[PDB]
Amino acid sequence: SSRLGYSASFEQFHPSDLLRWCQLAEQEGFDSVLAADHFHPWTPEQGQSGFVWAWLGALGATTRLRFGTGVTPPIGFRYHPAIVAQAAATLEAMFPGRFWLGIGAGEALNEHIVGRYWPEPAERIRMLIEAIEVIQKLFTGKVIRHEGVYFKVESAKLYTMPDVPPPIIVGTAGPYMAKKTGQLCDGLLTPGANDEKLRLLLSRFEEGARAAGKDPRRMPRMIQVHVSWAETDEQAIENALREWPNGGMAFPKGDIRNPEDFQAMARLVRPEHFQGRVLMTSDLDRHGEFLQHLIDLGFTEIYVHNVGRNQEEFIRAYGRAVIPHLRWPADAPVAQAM
Amino acid sequence: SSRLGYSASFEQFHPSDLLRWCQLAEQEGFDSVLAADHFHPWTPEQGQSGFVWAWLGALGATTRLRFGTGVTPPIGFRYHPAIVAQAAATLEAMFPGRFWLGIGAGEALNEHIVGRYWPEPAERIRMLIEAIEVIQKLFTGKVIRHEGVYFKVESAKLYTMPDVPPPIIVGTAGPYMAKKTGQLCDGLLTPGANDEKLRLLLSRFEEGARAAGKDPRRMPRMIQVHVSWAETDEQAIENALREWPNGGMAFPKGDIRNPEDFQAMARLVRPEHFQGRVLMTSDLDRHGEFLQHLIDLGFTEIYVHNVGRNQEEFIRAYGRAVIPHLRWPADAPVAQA
Amino acid sequence: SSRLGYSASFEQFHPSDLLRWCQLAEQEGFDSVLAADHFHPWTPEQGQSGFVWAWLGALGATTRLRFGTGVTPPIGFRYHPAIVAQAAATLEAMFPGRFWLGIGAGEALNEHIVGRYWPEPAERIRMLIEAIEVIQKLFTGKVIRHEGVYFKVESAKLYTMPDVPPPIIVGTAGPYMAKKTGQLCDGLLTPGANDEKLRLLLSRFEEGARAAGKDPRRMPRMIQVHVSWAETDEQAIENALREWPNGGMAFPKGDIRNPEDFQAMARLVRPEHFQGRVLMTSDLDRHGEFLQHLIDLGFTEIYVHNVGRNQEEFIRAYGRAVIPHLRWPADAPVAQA
Amino acid sequence: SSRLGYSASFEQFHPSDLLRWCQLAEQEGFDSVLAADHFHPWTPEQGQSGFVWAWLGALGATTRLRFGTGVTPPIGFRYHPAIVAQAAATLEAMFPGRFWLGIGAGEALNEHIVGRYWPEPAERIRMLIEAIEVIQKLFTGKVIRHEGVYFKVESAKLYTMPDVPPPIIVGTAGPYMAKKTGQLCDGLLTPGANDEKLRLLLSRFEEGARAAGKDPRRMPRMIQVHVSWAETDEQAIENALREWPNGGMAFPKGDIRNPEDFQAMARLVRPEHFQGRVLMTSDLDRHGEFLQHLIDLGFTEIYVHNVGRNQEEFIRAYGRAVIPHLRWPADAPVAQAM
Amino acid sequence: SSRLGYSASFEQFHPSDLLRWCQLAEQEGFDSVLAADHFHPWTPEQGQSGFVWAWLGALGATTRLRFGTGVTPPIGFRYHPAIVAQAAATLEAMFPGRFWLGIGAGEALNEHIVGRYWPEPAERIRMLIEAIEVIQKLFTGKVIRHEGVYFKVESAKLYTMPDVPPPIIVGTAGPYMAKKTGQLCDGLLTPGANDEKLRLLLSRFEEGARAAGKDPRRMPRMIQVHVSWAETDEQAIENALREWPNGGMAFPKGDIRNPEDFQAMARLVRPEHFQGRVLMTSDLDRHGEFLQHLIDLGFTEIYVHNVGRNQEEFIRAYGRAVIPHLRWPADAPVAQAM
Amino acid sequence: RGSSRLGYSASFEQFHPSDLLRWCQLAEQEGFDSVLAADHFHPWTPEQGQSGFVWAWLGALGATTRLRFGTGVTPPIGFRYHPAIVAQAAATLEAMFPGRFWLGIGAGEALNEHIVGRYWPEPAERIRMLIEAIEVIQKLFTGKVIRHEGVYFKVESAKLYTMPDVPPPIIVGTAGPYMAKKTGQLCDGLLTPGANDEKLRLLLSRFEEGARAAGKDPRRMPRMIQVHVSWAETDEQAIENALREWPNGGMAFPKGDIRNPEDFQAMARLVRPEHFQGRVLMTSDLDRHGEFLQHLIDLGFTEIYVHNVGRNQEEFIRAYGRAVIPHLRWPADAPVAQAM
Ligand SMILES: O=P(O)(O)OC[C@H]1O[C@@H](O)[C@H](O)[C@@H](O)[C@@H]1O
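Protein chains in written order, with PDB author numbering: chain E, 1 to 164, 165A, 166 to 338; chain F, 1 to 164, 165A, 166 to 337; chain A, 1 to 164, 165A, 166 to 337; chain B, 1 to 164, 165A, 166 to 338; chain C, 1 to 164, 165A, 166 to 338; chain D, -1 to 164, 165A, 166 to 338.
Here chain E stands alone, though its shape is the one from the complex:
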């Protein structure tokens, strides 16, 4: 009954290291992995961005963990929705019961490389909704055709399909899209934020599901949190500043194109700016209470990203002192196929 999610930070860590650490996380009581889908890190100092789809095959073949993208933008910049659909179907077919397809509206940091018009957030939401339609049609396993405002799909069929499709999870912090997620998709993924914002997103998601005749109590509500654990408070604070200054950027970041841009913006970030966004302490009891609070709000899964380079030590510390003491409701839905 004990469990917790590990957040695999492709922005920071070589994929070989992430693979080994996920294997260790499994040994230490973590039950699932959230894997970023980036082309670029936020900053050069972070220094990585593996191709997540290849890595997920390695994870799948060497562990029994559940895993998902957190998140892929299937809106036709880096990735056409038909390709995301095929990738998701292949992973679930190879590792049945284990994959969840996390999708979102994307950031310029990754999508700008293809040199196309970058729509405002509200327009990208419309793109995401159409992409969901494409993915769901392909997941039926029939020959489908699609023509909408944003995507054209000629006769296409997924021949390699699991018995049951992986759930589609939307990663968003927008009330509007949270409602739509409940209506159109299988579950919600959101970032750490204050109680008021989390409650609003949960409520919107529930309302959307209910208006579509669905039972939201059986739908995953997932949160991705950023923490900094280290041997001292001082090191935890320093790790957050050095490794994750984007965590202290409480402003919309979806239009910023270059790691060098975030790098220059990072020079403004101070410890104060991380409050409510990154917990920075050596006290593992406080980590436990922070996570428990989120369960109590109604989150059914938590994916934890430790911002420090001390991943192995973090994993062992959480395995020993945090995960065993988390109290999950017994019936709580988890992101996996019916």
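You can take every hint at face value.
Label pairs and their calculated CB-CB ranges:
#1 A:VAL149 to C:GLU133: 22 to 32 Å
#2 A:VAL149 to F:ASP283: 56 to 66 Å
#3 C:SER282 to B:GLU260: 30 to 40 Å
#4 B:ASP233 to C:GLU231: 38 to 48 Å
#5 C:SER282 to B:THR232: 38 to 48 Å
#6 F:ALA211 to C:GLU120: 56 to 66 Å
#7 A:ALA337 to F:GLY276: 51 to 61 Å
#8 A:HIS293 to B:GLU45: 52 to 62 Å
#9 E:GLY276 to A:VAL149: 43 to 53 Å
#10 B:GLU260 to C:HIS293: 24 to 34 Å
#11 F:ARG20 to B:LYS142: 46 to 56 Å
Derived DSS-like pairs (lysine-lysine); straight-line CA-CA distance at most 30 Å:
#12 F:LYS214 to F:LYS142
#13 E:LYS253 to F:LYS142
#14 E:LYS214 to E:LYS142
#15 D:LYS253 to F:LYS152
#16 C:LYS197 to A:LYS157
#17 E:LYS157 to E:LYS214
#18 E:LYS197 to C:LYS142
#19 C:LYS214 to C:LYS137
#20 A:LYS137 to B:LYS253
#21 C:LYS137 to E:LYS253
Please keep in mind that the hints were generated in silico from the structure rather than gathered at the bench.
Beta carbons are placed, not taken as given, at the ideal position from N, Cα and C, and that holds for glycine.
Following the hints, complete the assembly by docking chains F, A, B, C and D with the ligand onto the known chain E.
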């Protein structure tokens, strides 16, 4: 030192089965895998098309085999060249010395799903050449920008990079592109064909490499062949007809959009149409001689696709009776960093 | 009252020869001509493709035959619908009561030359339906404007107009478009196919007409058939293989771009593949029964394409032994204003 | 040896009437026909615009006259250059030695119907030059490919071909294009204008041919003139005003879209505006002198458009009183295939 | 209470001269200015085309006159509608109660320079209607987004705004657009035309306003007239021919691209062609009666363009002999913010 | 030693155009000789709260003062403004106010250009657009009928009939070394923002090199700098004014991709006084203002445009007029942005 390539047919086989069979192939003396990059099978009866990039991670993590795409079209339909570059760099970074990036001009069967203008072959070659430029720029590990006829890349850098890039291998049967492959890339992959055509492609590749100041003797020349082994000749023939009628289609196939189109065309295919394209026999000595002949022509790697559903039996038969008796030149270059 | 249509194969025959043969066909009891609108032949061995619109003027001025395009794609590749409308209006104005405008969704073989995105069949049907709208608006003889998904027409008027427009005939083998043809157009043209498929197309056409308040009994139902007559059965078979291998290609052909593509595919075609698609016999009684059967199914016009180069001999043989013995219903509607 | 060209005005006359009149013109000593390629007449009162390509087949099959388009715009509005090439090849294949392909930059009056950007004249000239390239490639009878600024041609071949291609004649009044015509094409077609302008165009054409190593003395120099003959001078003048007011519009007309536009502009036209553009007289001796002058300038063919509805009477009058008295140089090149 | 509008002809006059003449016009009893928004003059002989938006700032800062564009095409060739909105808001904010935004469907003469597809009039009307929507949204002073057939506006707000927006006046001679003007906008501007045409436009405008629940009696109905005053009738006639031949072109002019085109067309214009379009006389009593007649038809403002170069003399003559004797209804609505 | 002078920077982001007009008139009385006017559609932040249409305002400035003035800067690269229209506007202003207008142009910011809903290129690509726009403007400035077809712009037969005898100078506003060089090569003068000595020297050097390689004499070409200051009655008020009014001054990072005032507003919450060093001088001490400006002259800038960030514009103008402008020492020969 004994070795052979296994061709993993995503058109036909569930990725889980391919994974298990590659693991077995490794045990049985195969040293490398060629993996098709399809969205659709040629026919419904073939019945599969896994996303190769995810599968390759599984292969990498559970074997020590070399492996490559055979081939990916990085020309902006299913895949933007920058993404292919990133995928290749990630695989090589995770499995250093093991990945080779096979690329080609693509087929409508897979690319048509995105609903865009499909250029004639010669134009797609020009697209492929520009894509090679994009991939090579990204492989430098610097922040690069690119603006050409076909692709626009804004400031982009591969942060996750091996110390040394994987080789770029072009899959082609065109004399022109074979020459360009020698000039611009690291090695050649071509399908089975008669001696005259293979010699021409090898010669063009060599000429291209030499004119660019490279030594072609150190560059891989790879061939992908289709065979049908079974317990009897009769079963081998039947397997080819049922599973791989596209093997008997000696005509350009790059414009045909649907599995149902090939399926209807398959009704015309007869055993005669496979001669020189698919060896169909139970006689493993004849398999051995066929493969040895290709080595003798100057191919440094062979990837074998058995068309039958009897993959496990084929792998064990080749491991016992074929692979140990193949004679490779000792210095032969292999597709690796 | 005795009659039959002659199919003028622009893919195979020099326009001067077609002109002379149509003149002969008229003398021999044929009453109408169906003229292909191609840019390319299916194969180099066929070896021709005259511009049909110019030829039709010559036909019109030297015979009293009815004639139509079988068929023109007015969907904006080779031809903008406004130009097809003008051409049709001019022909009917010059030869009143004689022209019928046959249109269809087109094939890549002809349309690919302009280098544009080639939509799937269902999308091309939507283009065809919009083109019909454009043609019909122009046929009103008023100044019209049009803005739809596929076509934009600025203020345009046909000043040169017959008193009554030529009928619009759709050439299709699709149930959906057959229904739409009944709804939106004046008549149906379909290729030879088995009885079940022909009955379905007729039924769909009738349903479409009835739902639009039209009487389908007064609307032409036309079929184009391919035959091979020669002095012996053996020559008839050889003629079909050599001249019309596309007749033995029972698969969708609308995406294939080049004569050389069909030429390579032709190497697979055998006599068996022509059954139900091309009647191959020297026995003129069997030709008669085959055609009579189609009349009995409810076709009101038949256009016969003899695949052999023996056009003159075919015309004389049909004139002597086939046409006089065909029994047409007395009331049967014919494609004319 | 006696001859003259008849100009078939599709803007004014039903194609059936034009066919009969061309047959008569042949009987009366005319040897060739120039056929306008319009979609619209200049004015509603003109009232026609047959599809020339169909009509030319009828002309070809019922006469022995030479004939040409005067002119077709093969620049991708109404007509793609590959289709013009095929049409020209078919006509010449059916009627060898008789067809000449007249081409030009086109007018909005006809091209605007397809609803596309209408370039300035100089840009349309660049389009015409590229179209010439396409037509010439196709006329080789090989499989050709083309990719330029304006046209894309995928693997294309003319299987139906004459032994020798029809000549390409450019219709232009521009000095620059006249030079290019000499360089790239087989002959020049120009409208009636004052002596100075005609001499300049001839000179430019000659220079272009010479710089390309060609002999301009063997290349056709063709002029299309508008006349008004009738039983009295007064009727001839009235006929010009009523039927051909565009003849009195000495200004660029290539951008004007609608017959109704020209119709409204026609209300301003007066007899004076036709001087040098339309000869208006009943005196057939003066018709003779006018035409002879153009021969003397160096034109090797003249195509005469009588603006009046009295086509039959005009044809018979010219046949009796004008054509027999015209003196052509014995060697003069005529627009027809080598 | 006495008043009249002065029409500032940017096609003809250097902006510095227009500025001085407007200052004089104010002294002489004119109360408002209509300023053309051109890039090109109709003819080279006219010889000018200042950027009106810059000039209007000079006018605003050195007079107390009302003023408006007559008219700007906000349909995305020279000008994006968002920019017109901003310009209008700035002028009204700087000169409250004084600016009116006159808009129209534009002419190729000015818009063709940007090298884009030029739609037929009816299509340009649809563009104008969408532009009106954009301008009105921006005039609310909120952050707005817009996506229609012709224009895309991302999050945009006018921070510099008057308390009350300037009125939107449509310049048109089309019955359809006149009705739409009443429905969607604040007032009508039309050119001089015969009584029947003016009555139809007024009636259409009124009907449109009434069907939208508005009171047309409180909405401006403005007319722009062209006159030629000079010391003699003969000079007045000559001035019209030389300076304003476009005034004698009673035909659609919206597709003609170049000053040189109009210049060549001008050679056809004769005095007769100006009847109802340009009053040509030295008799100032007849000027008075002509203007009074238009008031009597129901026009609430008249903008007078003297076609001659004798602007100063015209202004003084009108100030002395015409303006004091015009009788305006006391109630009459004038183009200015509520 | 030249006559006394200084440029006033008119901040359309912050101030109602009517206020700017009155303040420029006062600035003229107080010894300022030229105006730099921002060409924005949006302010950086809602708190700044304005964005008048500069082109209309410039007519009012021209007609009510004798000051020189320029756009600082207009992006003539076809988002808000087609280059042909900028050319016409510039020609009209110079024709109306000969000897007084300078056309300042640049690569633009998303903040203003994004409203038209188009692809926003990276800086280097926008530079290529700017270079083509310069070509278009210069062709139009010849006064002939011109045609243009390039990668970014198509101009059909177009002519400026309303033209000064001599065209206004084209000044490029840039902080990029590459474009600074191009400015020297292709244009008449350079405008750059306040920055450290190293960056300013690089831009000046690039500009000079570009001019020299094109056969021009850079000693006769304007080198202009726009600086942001905060003067107030106390240091404390000067600091507060900078934080409240001009937090973008403390954003030492590329800002050209950020679309919304609300985006900058949220980013502003991170800005602290430290972040303004070298970017905004914050002091009540007018002697220190004097030394700061003099230093820039000494580096080789021939014109300085001063933006006081505070709402105390009138007081700033009077203080500078009394205590700063009279004591600035300009080289006697120094070239100023104006037509030949
Ligand atoms: O809350 P923010 O700053 O928008 O971050 C959203 C998420 O963005 C994703 O790209 C990252 O992988 C996550 O680590 C991060 O939490």
